[PDB]
Amino acid sequence: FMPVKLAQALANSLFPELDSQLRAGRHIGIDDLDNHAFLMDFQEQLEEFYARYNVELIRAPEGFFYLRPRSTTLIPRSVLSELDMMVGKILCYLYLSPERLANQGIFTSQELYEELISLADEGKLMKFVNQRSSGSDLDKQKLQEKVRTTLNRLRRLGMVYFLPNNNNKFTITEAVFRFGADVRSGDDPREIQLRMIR
Amino acid sequence: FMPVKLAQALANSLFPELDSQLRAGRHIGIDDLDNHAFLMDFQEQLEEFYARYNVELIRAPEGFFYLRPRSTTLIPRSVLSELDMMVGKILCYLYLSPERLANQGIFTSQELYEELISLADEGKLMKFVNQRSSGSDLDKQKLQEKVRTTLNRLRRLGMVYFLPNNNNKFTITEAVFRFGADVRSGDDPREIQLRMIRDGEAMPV
Amino acid sequence: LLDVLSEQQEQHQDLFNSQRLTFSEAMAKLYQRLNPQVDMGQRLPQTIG
Amino acid sequence: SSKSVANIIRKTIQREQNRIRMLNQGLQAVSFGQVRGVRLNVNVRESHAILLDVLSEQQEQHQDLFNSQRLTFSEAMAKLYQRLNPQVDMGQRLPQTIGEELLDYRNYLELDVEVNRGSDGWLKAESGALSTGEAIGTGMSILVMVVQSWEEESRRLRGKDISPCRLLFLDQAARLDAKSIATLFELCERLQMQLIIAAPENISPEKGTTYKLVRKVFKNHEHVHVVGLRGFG
Amino acid sequence: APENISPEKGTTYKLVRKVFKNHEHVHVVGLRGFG
Amino acid sequence: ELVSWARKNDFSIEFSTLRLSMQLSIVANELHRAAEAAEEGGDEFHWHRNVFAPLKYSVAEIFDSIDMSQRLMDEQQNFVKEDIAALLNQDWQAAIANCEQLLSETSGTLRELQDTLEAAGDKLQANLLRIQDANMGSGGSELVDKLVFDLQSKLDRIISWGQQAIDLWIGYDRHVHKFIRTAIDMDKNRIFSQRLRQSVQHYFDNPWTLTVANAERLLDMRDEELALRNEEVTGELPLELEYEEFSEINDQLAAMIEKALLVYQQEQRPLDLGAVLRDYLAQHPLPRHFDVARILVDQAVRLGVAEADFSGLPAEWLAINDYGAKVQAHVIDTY
Amino acid sequence: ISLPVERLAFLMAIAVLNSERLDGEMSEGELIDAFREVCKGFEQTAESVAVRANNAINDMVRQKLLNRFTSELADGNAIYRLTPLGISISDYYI
Amino acid sequence: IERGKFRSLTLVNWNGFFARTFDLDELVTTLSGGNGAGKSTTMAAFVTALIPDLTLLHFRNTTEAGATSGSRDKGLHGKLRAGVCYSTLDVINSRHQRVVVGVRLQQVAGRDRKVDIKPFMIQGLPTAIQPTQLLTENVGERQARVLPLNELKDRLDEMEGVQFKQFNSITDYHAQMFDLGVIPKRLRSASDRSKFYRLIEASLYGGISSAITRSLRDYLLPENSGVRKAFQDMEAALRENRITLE
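Protein chains in written order, with the deposited numbering: chain C, 9 to 206; chain D, 9 to 213; chain V, 1286 to 1334; chain W, 1236 to 1468; chain E, 1434 to 1468; chain H, 10 to 22, 119 to 440; chain Z, 22 to 115; chain R, 2 to 247.
Just chain C, with the same shape it has in the complex:
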C-alpha cells in the first residue's frame, strides 16, 4: 500500500502545477508562498515520492526547493549550457550585494550585457559565439540573442522573474545562489564570485 499522508499530498489540488514545474526543473523559493508552504508541510513524503524517480527534493539553506537529478535520474536530464552557466553566475553577481547600489533589485538586459562583456574574458565570449569572430557587430547581435534565449531559459526554471512587459527587465530570485559560491561570514561576495567567474 501507500503512505496515507503521501496520498493526501499527491491528491492536493496544488500538487499538479508544483509537480509539473519541478519536472521542468523550476525551483520553488520562499516567494512562492503557496508552493513553499505546501512543500514545507509535505516534504517528508514528497522527498520519498521524488526519490522514487531517483531525484532528490533538496531544500537549500536559502530555503528554496529544487529537484537535484542523480546520475540515474528517471527523468532524463537537460542541462544549462556553458553560456547558461556563465550568465547564471553573472545573474548571481547581479543579485549579490553590489547590485543594491546600482539597480535596487530591478535589472535590465543592458546591465547583464555590460557586465558580461566587461567581466568575462573575450576568449569565452568568442567560444560562446564563435572562435573566428572578433568584436563584430553581427557577432554581438548573435551573442545578445543567445543572452536573451538563456535569460528566458532561466525564466522557465523560476530563477529570474520577468517584469510583465516585452521589455527585457526583470528581478533575480534567491535560488540564483545555486550558481554562485556558498557565502561564508566575513567573505566578500564580490571577491568569491569574481574568483569563480575568473
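Don't read these hints as lab results, they were simulated from the structure. Just to be clear, a hint being listed does not mean it is correct.
[To be verified] Listed next, with one range per pair, are the computed distances between beta-carbon atoms: (1) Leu1306/V <-> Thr1332/W: 24 to 32 Å; (2) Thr1332/W <-> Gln198/H: 52 to 60 Å; (3) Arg60/D <-> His307/H: 32 to 40 Å; (4) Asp328/H <-> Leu1306/V: 37 to 45 Å.
[As the list claims (entries may be wrong)] A few chain H residues facing chain C, derived, Cβ under 7 Å: (5) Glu321; (6) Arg322; (7) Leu324; (8) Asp325; (9) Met326; (10) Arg327; (11) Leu331.
Note that beta-carbon positions come from the ideal geometry of N, C-alpha and C, so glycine has one too.
Position chains D, V, W, E, H, Z and R against the provided structure of chain C, taking the given hints into account.
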C-alpha cells in the same frame, strides 16, 4: 484521498520509471517496457491521474500509449519534425511487417534507410533536410546522418532502443504506432489530423 | 542500555519474562531492541548476552 | 524448475570438465626444481554434488524450508546446504552470502594442479609441500597455457607476418630458487616470452637487464632514484 | 628479524638453520660491542 | 596464409530423429570398439590401424553426418520461420492457429532432438575419457591425442548446438508470440497496413507532427566539467643512469670475501671467525666495521658448521678489533 | 549459385574457423573480421568494410549458404552457421 | 618470425616517479629494492597503460596487499601525484614498426580518488626520440616540466611523419594494438578485457598463492548465464508458490 487501484499503481516499483520517462517525452510500447508492462493494468487510473496536470495518456486502438499535453498543459509542450514522423512511419511498417519477423525485432540503420528511400521519394524528401538540395550526394549523406540523429532523438523519446553493445542495431517500441495516428482509422488523414490537433496529438510544423 | 536498565526495564519485562529465552538471551534481545540498526556477527544471543 | 537448474548445472560442469581436461594437453616437460611436469585436475565437489542431487530429485521433500517466509532464496539454499552435508555447517559468514556463492556453478568444481614432482608421479601441487619456486613455476605454466590458447585461437585472424608481443610479470621473485628461475627463463625464451620480474634481492643478476629503486624523503614529498646494475660484483 | 633489519647496536645473533649429521640445527654466531 | 592459397587457386563460379538414433547407436558401437582396441595397446602399426585409420575417418564422417542432420534441422527451422512469415502474409488473422501449431510442433521436434543427443553424449564422453586414459599406452600416440582432443569438442559442440538451438527457438517463438498480440490483434483486418503505406507514399499532403510535453526533460545546473587536479608540475629530470655492480658498495667486497672464504672451503681449512674477523677488519675503518662483519659472517657460516657447538661448551666472546667489538664463535670444522 | 573469388575464399575461411570453433557457432562479430582479413589479403576497398561485409553475408544467406540467428547477447547480436550446401562446397575441396 | 618486443616504459609524474624511463630487456627485466621501493607501482603503471579500463584495475599487491600499499583508491589515484601524468610503452612490431602506445592519467578533483584516463598512440616517431624527452619540456634550470595532452599534440604535429592518434574508446585502443600484433586476443568484448586482466594480474602476483588458487576458477572457467537464468526461474516459481499458499 485516492482510489485503491490508483494508489496501488502509484505505489508500484515500476511507476516512477513510467511517470518520469513519460514526462521526459518517452512513449509506451513493447519496448519502453517498464512504462508499459503495468500501465496495461492501470490505464484508466493513470489517465485520470495525468488529467490533473492538464495532459492525457492517449491509447489508439493500437496497444501503445503516449502522452499529449493540453494547451493549458502544466508540463510545457513541444513537437517533433517531419523527418521524425517519416522514420517513425517506416519503423511502424517494420513493426507490423511480418516478413521481417525473422529479424526478431532487431533492425539496423542501413535497413531503415533502405526501406525509407524505397517507399519514399528521395529528392522531394531531401528538400526538407536542406532546402537547396538538387540531388547532390553530399545532401544524400546529410540526409542519412539526419536519419541517424532522428533515430537517436526517437530513442530519447521512447520509439527505439539501441542494443547494449550496438548503436547501429536497435529494437522498436510499439509507441511507433503513434506515427500511424493518421492511419489508425479509415477516415481521411486530414480530418483525423484535425481531430489530433483538437486533441493536441499532432500539429503541423 | 544502562539508563534503561536503571529506569525502564519495567517496560521491557515482556521480553524478560518469556520462557522462550534465558537471562543472557534476554539481555541480548533487549540490547538489539535498543540500537536496532546495529547488527551483530550473526552469533548466538547466548554469547551476545 | 529445480530439476532443470540441477540438470543445466551438471551439463555445464561436465562441459567445463571436458574443456579443462582438453586444454591440459600440449605441455612440455618444464624443469622447475624437482617438478618435471604439470597438469590440471577438475572434478565435482561432493558437498555440492549431494546438494545438486537433492535439488534434482528431492526438491519437494524440503519445500518446507523453501516456502519459509523468513528465508530468502539464497538463504533457503544456504540452510538446505546446512541440513544435508552438515560438516560444512557455517553461519558466521551470513547464509545469504554462502547461498549466493552456491549460485555459482564454477565453485562446485575442485580445480587444482598436479605436478610430476621427481619420480613421485603426479602429486597435488600443494603449497605446503612444493618448494615455493616450484609453485610459482606451476602458476606461470598455467598462465602460459592460457595465453598459448589465446594466441592459437587468433592464429587464423592474424597474419603470420605478425607474431604478437608476449609479456608477463612476476613479483617477489625471491621466492623462487635458481632452478625455478632458470626454468622460467628457458621456458619464456623458448616461447619468445618477455618477463618483468621483481625481488628484494637481485635474484637474476646474470640474465636480462636490472634496475634498483631507492625511495628518499625530500621536502615533505618522495622521490624514487633508479640506478642501473651490471652482471658481476 | 629475517636479517632485512640487523642494526649495529646490541648483541646480534646470526641464526642459520642447517642439518648437522641429520640433526636439525641452527648455528649461532654472536657479535657485540658495535656502535 | 590460406588467403593467398585461395587467391592463387582462382576458384569461383531426413529430419526424422530415427536417423539420429541409428547414427548415435553406430557411434557408440564404433567408439567402444576403438577405445577397446586402444586399451589393447598393440604395436605402433596396430595402434594406427585401430585408433587413427578406423577411428579418425569413421568418427569424422559420422560426426559430420550428425552435424549434417543438425544442419538439416537448421534449414527446416529456417523453413518453418519463412513459412510462418508467408502464411501470415496470406491469411493474416487466419494464420494464428496454423502458426501456433507450427511453433508447437517445431518445439517438440527440437526437444526430441535434444533428448536424442543427450541420450548418448554423456556415455560417449566417458568413452572419450577412456580413450584418453588408454592413449598413454604408447609414446607415439600424440596424433591420437589430437583426435582424442578434437573429437571431444565436436561432441560437446554438437551438444552445445543441441541446446543452443532451443535457446534460440524458444526466444524466437516468444517474438512470434508477442507479434500476434502486437501486430494483428490491433490490425485484425490489415487495413492499417495498406493505409499506413499509402500515407507514407503521400505524407507531406497531410503535414502533421506529434505534440508532446518535451519542452524540457529536466533542466539542471551543468557539471563542473573537466575541473581536475593539476599544478603544471616540474621535476628534476633523471640524469644519465648510474650503474653499480649489484650493490657493489657491498658486493665488490662480497665477491672479495666470498673468494677469501671459498678458499677455506676449497682446502676445507678450519675457519676461526675471531681470527679471520680480526685480521680482516683492519683493512676498513671503524664506522664500516659492522657493515663488514655481517657480510663476512653471512659468508663464513654458510661454509660448514662448528663441531664444538655440539660438545655443550659455549664459545667465548673473542675480541676482533679495538673499541670493544666482540664475536662469539666456535671454530668451523665440518664442511 | 554464384561465388566470386572473394566470396568463395570467405566461405573456406568461415569453414576453417568453424572447424576450429569452440562451439561451432559463428558470431557476426567474427564473420566481419574474417571478411576483413580475406579482402585485406585480396586488397580491394570499394567501400567501407562494414557495408561490403554486410552485402556479402546477406548474399551468402540469400544464396542458401548461411543460416542467420538473431541473438541479442551474441557479439554483434547475431550468430551464423553453415548450411548443408555450403558444407558440401567447402568439403568438396577441403 | 621475429616476435614484436616491448622496448621501454616511461612513468611521468607518478608517485615517486617524475620522468622515469626503464629500458625493457628483450627477454628478462628485473627490478630490485628493499621495503617500499615502489616496484609494485611500476608494474601497476605498466598494466594501467596496457589496459586503461579503470574498472578492472584494482591493485592489491602480491604481498602486504590492500589499501595500506596505497590502494584504497584502487591503487591508481594515490599512486599518482596530482595533475598530468603519463604511462607509455614503446613496441617494435614484428613488422619492425616502432609504436608508442600510452595513456594520460590525471587525478580527479574532490574528496574522491577517481582518475581521468585518456588512451593515445604514436607511430613514425624517430627511434632516437626518447619518450621522456618527448613528454617533457625543459623549463627552469635542470628541473624540466611535464606538458599536457594538447601541448603533446602540438609538439608531435610539429614533427614530420609522426602520426598521433587518440582513442575515444578503450575498445578501439585494443583493436589497434592487436592489429599491430600487440595483443594475442581480440578483446572485442569487455569480458575479453576482464579475462585478459585476470591473466595479467594473476601473473603479477605469480604462483598458486591464496588469491591465485581462489580465482583460478574465474581464470579458467567462463561465466555462464544459463545457470543464472535457471536459478532466477526457480526463484520466481518459489515466490509465486508462496503467494498462492498465503
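>> Assuming the hint says 37 to 45 Å, is it satisfied by the Cβ distance from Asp328/H to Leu1306/V or not?
In response: 55 Å, violated
* Asked: Does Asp325/H pass the interface check with chain C, least Cβ-Cβ distance below 7 Å?
  -> 5 Å, holds
Under 7 Å, Cβ to Cβ, is where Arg322/H needs to be relative to chain C, so tell me if that hint holds or is violated. Interface hint status for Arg322/H: holds (4 Å vs cutoff 7 Å).
Open item on the list: Hint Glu321/H vs chain C: min CB-CB distance below 7 Å?
Closed with: Cβ of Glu321/H sits 5 Å from chain C, so the hint holds.
Given the range 52 to 60 Å, decide if the beta-carbon distance of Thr1332/W to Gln198/H lies inside it. 53 Å, holds
Review point. Quick one: are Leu1306/V and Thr1332/W within 24 to 32 Å, going by C-beta?
Key: The hinted range 24 to 32 Å holds for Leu1306/V and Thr1332/W, with Cβ atoms some 27 Å apart.
Would you check whether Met326/H satisfies its interface hint, that is, whether its CB is within less than 7 Å of any CB in chain C? 6 Å, holds
ask   = Close enough to count: is the Cβ of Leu324/H nearer than 7 Å to one in chain C?
value = This hint holds: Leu324/H lies near chain C, its Cβ roughly 4 Å from the closest one there, short of 7 Å.
Going by Cβ atoms only, is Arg327/H closer than 7 Å to chain C?
-> 5 Å, holds
**Asked** Should the hint that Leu331/H touches chain C count as held when the rule is a Cβ pair under 7 Å?
**Response** 12 Å, violated
Checklist entry - Cβ-Cβ distance between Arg60/D and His307/H: within 32 to 40 Å? => result Holds - the Cβ-Cβ distance for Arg60/D and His307/H, about 39 Å, lies within 32 to 40 Å.
Taken one by one, the earlier hints fail for this structure at numbers 4 and 11, listed in ascending order.
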